[PDB]
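*Asks:* What follows is the residue order along each chain.
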Amino acid sequence: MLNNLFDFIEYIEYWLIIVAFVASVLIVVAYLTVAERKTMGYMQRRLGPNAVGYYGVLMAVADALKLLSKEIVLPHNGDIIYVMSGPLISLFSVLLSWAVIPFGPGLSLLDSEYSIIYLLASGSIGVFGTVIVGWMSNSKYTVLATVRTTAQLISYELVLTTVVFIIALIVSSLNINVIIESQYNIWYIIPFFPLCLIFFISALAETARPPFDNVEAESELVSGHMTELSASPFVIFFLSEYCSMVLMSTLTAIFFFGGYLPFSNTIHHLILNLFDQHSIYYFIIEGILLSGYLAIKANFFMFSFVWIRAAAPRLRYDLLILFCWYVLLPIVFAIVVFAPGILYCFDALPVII
Amino acid sequence: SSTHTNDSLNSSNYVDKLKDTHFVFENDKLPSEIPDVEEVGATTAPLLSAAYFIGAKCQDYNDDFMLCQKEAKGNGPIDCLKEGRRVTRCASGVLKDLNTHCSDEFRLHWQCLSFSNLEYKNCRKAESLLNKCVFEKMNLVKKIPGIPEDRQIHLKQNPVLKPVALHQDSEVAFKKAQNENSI
Amino acid sequence: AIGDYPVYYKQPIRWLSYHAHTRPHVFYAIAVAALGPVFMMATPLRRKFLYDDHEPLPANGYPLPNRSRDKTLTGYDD
Amino acid sequence: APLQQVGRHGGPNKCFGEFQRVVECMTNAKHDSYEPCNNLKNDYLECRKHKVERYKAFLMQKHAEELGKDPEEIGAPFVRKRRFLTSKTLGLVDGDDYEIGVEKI
Amino acid sequence: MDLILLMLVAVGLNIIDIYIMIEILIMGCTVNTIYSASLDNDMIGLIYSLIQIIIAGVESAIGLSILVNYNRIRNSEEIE
Amino acid sequence: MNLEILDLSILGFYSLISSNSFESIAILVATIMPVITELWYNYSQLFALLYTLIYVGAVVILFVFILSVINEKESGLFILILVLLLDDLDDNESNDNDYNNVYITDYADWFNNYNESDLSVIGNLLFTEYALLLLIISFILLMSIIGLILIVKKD
Amino acid sequence: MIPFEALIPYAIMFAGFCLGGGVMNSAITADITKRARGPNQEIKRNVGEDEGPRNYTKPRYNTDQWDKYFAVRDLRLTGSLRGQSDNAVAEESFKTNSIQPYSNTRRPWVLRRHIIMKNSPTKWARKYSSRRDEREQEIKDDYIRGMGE
Amino acid sequence: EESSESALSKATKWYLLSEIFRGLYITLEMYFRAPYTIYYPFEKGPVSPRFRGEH
Ligand SMILES: CCCCCCCCCCCCCCCCCC(=O)OC[C@H](COP(=O)(O)OCCN)OC(=O)CCCCCCCCCCCCCCCCC
Ligand SMILES: CCCCCCCCCCCC(=O)OC[C@H](COP(=O)(O)OCC[N+](C)(C)C)OC(=O)CCCCCCCCCCC
Ligand SMILES: CCCCCCCCCCCC(=O)OC[C@H](COP(=O)(O)OCC[N+](C)(C)C)OC(=O)CCCCCCCCCCC
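Chains as they are written, first to last, in my numbering: chain A, 59 to 411; chain B, 819 to 1001; chain C, 1316 to 1393; chain D, 10 to 114; chain E, 38 to 117; chain F, 110 to 264; chain G, 33 to 181; chain H, 2 to 56.
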C-alpha cells in the first residue's frame, strides 16, 4: 500500500505538529534547568553538572526519572487528590499559555484578536494553582507560604497586567502576532525601556524567582510549599516553574525585542536567497531562522533569570509588597496616561492595519 | 474579529456541537423570470489584487447598484436584481481582461498576496509592475480617494513598514523590468 | 530653616525640592504623568508648525454619491 | 436619542431597522393614538425571536407527519460535520469525497 | 424540583458559603445577558454584562472586608 | 454527547455534601470553569476571557486569601441520588416549545468593510455614548477604596 | 576565556525553538498548499508534468469577519478553505451550493442545569408559570386565524 | 538640604538601579575566568608530608 497510507498521514499530520510543538517546549524547559546550574556554576567558579551524560547533557533526564521513581508521600494512602491537584493546575495553565506564542508569522496554535487577554487569563489560573498547594496542608512551613504567596502574586499581577496593556495600547491590538509585526521599524525596548525593567522585575515575582524568592526560601521557609511535596507532585510543580521561566523570557522578547523579527534584515535576506521558494527546503530554513531569532532573544532572558539569581540577595517580603504598590504602580499608571498623550499630540493614534 | 455568529463558519467543531449546527443546502436554482448571470469565479487573492481596477472600471455601476440599495428602502435584495447583474458582468469583464492581457503580471501579484498574508504592504514590487502594465493596455489606474496624488501609499518610494521576507518571483521579475523598461 | 519642611504657599520652589529628595517615588510619577496631558495641550502648536491632521478614515460603509440615480446607465444588460 | 441594537461592528444590526420604524411611529405627531404602530411593534419582536415563524415551521413539520410525507424528500439536504463538506457534496466537477481541511486557515 | 427550594440544601453552613452563593446567583444573570446580546448581535447587552461583572466584583470586596473585620473583632484581646 | 451536562452533575453532587469551607470555595471554581468553557465555545469568546481575567484572577483568589485568615475548624447516598435524579428530569428553562425545537440562521452581508472586534465597539460606546456609566463606575471603585480602609483598618 | 561547556545547554535550547518552528513553518505551509491544488486526492498528491513551479501559500493570521466569508466562498469554488482560482466565470455548481448554517438558540447548559444558577424570581416564572406563554401563544394562534381575512 | 547630589542624580541612580547593574557586571566577569574545580578521583588535592590519615 502507498495510497491508503498517505491519507493516514494526512489524517494524523496535525497531531504530529502538536507533538513536535510540545517536544519543542519541553526540550527548552528540560535543558533550562541544566543551563541554570551550568551558568550559575561558572559565575561561582564552579563547573555545574557535567557528569550525567556527556558533558551533563542527560541531567534533566536523571533528575526527572529519579523523582518519578520515588515513593509518593500521601497523608493517607488515597489522598492523591490533595497532592496532585495543586501542581496540575499550575502545569496546565502554563502549558495552555503556550498556545498563543507564534514561532513565525501565523505559526501559533491559537490565533485570535484576544491573545493578550488569553495570555493574562491563563497565567492567573496558574496563580490559583500555586496557592492551593499549601492551602491543603497542615504543615506549618507549607501553610506559611500561602498568605505571603497570595499577596506577592496578587500585587505584582497588577504591574504585569498593566505593562502588557500599555504595549497593547501602542498598537491598539490585543493580538500577539500584531504586536510583533508592529515592531518592524523599532523595537519597544528603545521607547519603553523602563517598562522592560518593570516587566522583567514583575516577571521574576510571578514565577517566585529570586531576588523575589520569599515563597520558597530555603533559609526562611525551607522548600516553601514543596517541603511537603515529593516524587511526581514535586516534578510537576517544578516543571511549571520552569515552563513559566521559558514563557516569561519569551514574552519579554515578544513585547520589547521584536519577537521573531531578525536582528538584521540584510543577513536575513542574504541567507534566504540561497534557497528556492518553490521547494519545501526554503520554508524549513525560514522557520529555523525565525525561531532562531526568537530563541536567541529568549535565551538572553533565560540567561538573565539565572544571572540575577547569582548577583542579588533575596528581598524581604514586607519591603517587597510595598515596592510594587508605592513605586511601580504609580509609574505604570503615569505612563498609561503619558503614551496616549504623546501619540495624540502628533496625530499618531494606532490602528490595526 | 473572530466572533461566533449564526451566519457562517465558526472557529471549531465544538462550537458546531453546542449549537447543533446543520449545514443546509438548497438545490433549487433561481426561477426563469430572473435572467441568469455568470457569477464571478475568482477567489480571495485575485479579487484583492484586482480590487482597485474593478473600482476604476465599474465605478458607475457600483455607485448605481448601491444607490438602488439606498433608495429601495429595505426591499434592496428584490428591487435591485437587475442592477446587481451589471456589477457582476462588469467585474467578470475585468478579470477576463487581466487573464487575456496581463496574465503573468496579474498572477505574479496575487501569488504574492497568497504568500504574504493577503497584505498590500508586502507586495509592492509585484504590484508596481502590474499597475504599470494595466495602464498601458487597459488605461486603468489605481487611485485612493480622499488624499492628494503625491501622498498615496502605494507610490511611497521608501515605506516605513516593509515585508520581512522577499518574494523570489517578485524580486526576479522586478529587476528584469529594470532592464526591459528602464532604458 | 536648614532642614524644615517647606510650606507650599510660602516656599513653592523649596517644597518641590523636599519632595524631589525624600519622595522620588511620588515626585517623578507625578512629573511623568503630567507630561501626557501637557503634550496634549501642545497639539494645536504642532498643527500650525509641523503638519495638519490626516484625512479621516472611510469607516462609514460604502461611500454613497450624493446625487440621484443615473438614468442613461446602459451596458452589461441581459 | 440613545443608540440601541448596535451591531458587533458599530453599525445597525439586523433588527435595528424595525426598532427605528417603531420610534418614528410612536414619536410621530400626526397620530392620535398608538394603534397604527401596533404592527410595527410585532415586527421588532418577530425580527429578534422569530416566534411566529418558528411556529409556522412546527405546523409544516406536524402536517407532513399526518400526511406521511417523507422528511428527506420535503426537507433540504444538510451536513452535520464540517469536515465532510466535500467537493462531491459541493457539486464540483471532479471532486473527491475525501474530507476537507478545517485545521488551520 | 426547585419549587421545593432545593437550592437551600446546596448552600453551606458558613457565612463565606452565603457569599459564594450570591456570586453564583449573579453569575447566572450575566450569562443570561451575554446569551441574549450575542444572539441579537447587540453590543449594548455586552456593555451591560461588562458592568455586571465589574459591579459584582465591588460587591465581593466590600462583603469580604466586613467579614474580615467581623472575624478579628472576636479575636481582639491582643493583651500580650 | 453533550458532556457539559456531566460536569454539572458532578458539581451538583458535591454542592449537596460540602461540609468545610475548602469545598465551598471549590464549588465556586467548579462553576466558573463550566461558565467560561461554555462561553468560549458557542456564545462569546471575549467574555469567557474577561471572566477568567476578572473572576478567577481577581475575586476567586481573594476568597482563599481570607479563608486562611478566617478559620479552618470542625447524609446518605439514597436521598442524594434521588434528589439529583429528580433535579435531572426537568431541565427545560423555557416553555416555548417551537423556540426550543426549531433552528434559525442569519444572513451575512458585505456592507461592513470596517470589521473590528466587539471590544472595539464596546469601547467605542462606553467611552463615547455611555461615558456617564463609565464615570460612575470609577466613582463606585473610588468609594470601595475608601470603604475598605474604613471598615478594616484598626487605628 | 569563553566556556563552551557552559554554552552547550543553550545550543540545545536554541535547537528546541528551531525544531518546533521549523516543523510548524514547513508542515502547515505544505498542507495549505497541497489542499489548494485541486478538488480531489488524485490531484493533490501528484504533480503534473506540464505544471510549472509550485507556489506555496503561507498560513494566514489576523483575520476578520470578511475572511470567514471569503473562506467559505473559496470553499464553494475549489473545495478548499484557501483555494486559488482566478477564472472570470464560476462553475455552474456555484449557484446551488451556498452553505447556510442553522443552529439552535437555547440558553447555556449551566444556565439551566446548575443547582444554584437556575434559581431566580423570573427564571421560575419562565419555567413554572404559564402566564407569559399563554399570552404569547395568542399571537401565534392569530397568525393562522388571519389567513381567511 | 545638605546632600551634595542633586535630586535628579539621586533619582537616576534609584530608578535605573545603578549599583545592581554594576553588581551583575562583576558577576559576569567571573563567567570568563578559569574555574577552580578539579576532577576527583582523576586528580587529587595537595598533600603534605605531615598529613594524618590511615594508620
Ligand atoms: C486538573 C484537575 C484539577 C482538579 C483535581 C481534583 C479533582 C477531584 C474532584 C474535585 C473537583 C470536582 C469539582 C467539584 C468540586 C468538588 C470539591 C469537593 O467536594 O472536594 C473534593 C476534594 C476531595 O474530597 P472528597 O473526598 O471528594 O469530598 C469529601 C471530603 N471531605 O476535596 C478537596 O478539596 C481536596 C483538594 C481538591 C482541590 C480542588 C480545587 C477545586 C477544583 C478546582 C480545579 C478544577 C476546576 C473544576 C473543573 C471541573 C469542573 C466540574
Ligand atoms: C546602556 C544599556 C546598558 C546599561 C543599562 C543600565 C544602566 C545603568 C547605569 C545608569 C544608572 C546610573 O545611575 O548611572 C550612573 C552610575 C553611577 O555613577 P556614579 O556612582 O555617580 O559615578 C561616579 C562618578 N563618575 C561619574 C565620575 C564615574 O553609573 C554606573 O553605575 C554605571 C554602571 C555600568 C555597568 C553596568 C552596565 C552593564 C550591565 C549589563 C549590560 C549588558
Ligand atoms: C522615571 C523612570 C522610570 C523607570 C522605571 C524603573 C524603576 C525600577 C525600580 C526603581 C526603584 C527602586 O529600585 O526602588 C528600590 C525598592 C524600594 O526602595 P525603598 O523602600 O523606597 O528604599 C529605597 C529608597 N529611599 C531610600 C529613597 C526610600 O526596592 C528595591 O531595592 C527593589 C530592587 C529590585 C531589583 C530587581 C532586579 C532587577 C532585574 C532587572 C535587571 C536585570
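The set of hints was computed from the structure by calculation and includes no laboratory data. For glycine and all other residues, C-beta sits at the position ideal for the given N, C-alpha and C. Misleading hints may appear alongside valid ones.
Between beta-carbon pairs, the in silico distance windows are [as the list claims (entries may be wrong)]: (1) F:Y216 <-> A:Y242: 36 to 42 Å; (2) D:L68 <-> B:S830: 31 to 37 Å; (3) A:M59 <-> B:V978: 51 to 57 Å; (4) A:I400 <-> H:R34: 32 to 38 Å; (5) A:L380 <-> B:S830: 34 to 40 Å; (6) A:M59 <-> B:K955: 16 to 22 Å; (7) B:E857 <-> C:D1367: 41 to 47 Å; (8) A:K124 <-> G:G84: 39 to 45 Å; (9) D:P80 <-> F:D200: 55 to 61 Å; (10) D:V32 <-> A:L380: 28 to 34 Å; (11) F:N201 <-> B:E844: 44 to 50 Å.
Covered stretches of chain B (in silico footprint by chain C; criterion: 3 or more residues with CB under 8 Å from a CB of chain C, positions within the stretch not fixed) [unchecked claim]: (12) 875 to 883; (13) 886 to 900; (14) 904 to 918.
*Asks:* Are the hints correct? Go through all of them and say.
*Replies:* Going through the hints against the structure:
1. One distance hint, 36 to 42 Å for the beta-carbon pair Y216 of chain F and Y242 of chain A, holds here, with the actual separation near 39 Å.
2. At about 35 Å, the beta-carbon gap between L68 of chain D and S830 of chain B stays in the expected band of 31 to 37 Å.
3. Range check, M59 of chain A to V978 of chain B: about 55 Å between beta-carbon atoms, so the 51 to 57 Å window is met.
4. Separated by about 45 Å at the C-beta atoms, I400 of chain A and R34 of chain H break the suggested range of 32 to 38 Å.
5. Taken as a hint, the range 34 to 40 Å is violated for the pair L380 of chain A and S830 of chain B, whose Cβ atoms sit roughly 45 Å apart.
6. Checked against the hint of 16 to 22 Å, the C-beta distance between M59 of chain A and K955 of chain B comes to roughly 52 Å, which is inconsistent with it.
7. About 44 Å separates the C-beta atoms of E857 of chain B and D1367 of chain C, a value consistent with the hinted range of 41 to 47 Å.
8. At about 58 Å, the beta-carbon gap between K124 of chain A and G84 of chain G misses the expected band of 39 to 45 Å.
9. A hinted range of 55 to 61 Å for the beta carbons of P80 of chain D and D200 of chain F is inconsistent with their spacing of about 27 Å.
10. A beta carbon spacing of about 56 Å between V32 of chain D and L380 of chain A contradicts the range 28 to 34 Å that was offered as a hint.
11. The hint said 44 to 50 Å for the Cβ distance between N201 of chain F and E844 of chain B, and at roughly 31 Å that hint is violated.
12. Figure legend: the segment 875 to 883 of chain B, annotated as covered by chain C; annotation consistent (4 residues with Cβ-Cβ distances under 8 Å, at least 3 required).
13. Check result for the segment 886 to 900 of chain B against chain C: holds, 4 residues qualifying (beta carbon to beta carbon below 8 Å, three or more required).
14. Counting residues of the segment 904 to 918 of chain B whose beta-carbon sits less than 8 Å from any beta-carbon of chain C gives 4, enough to reach three: the coverage restraint holds.
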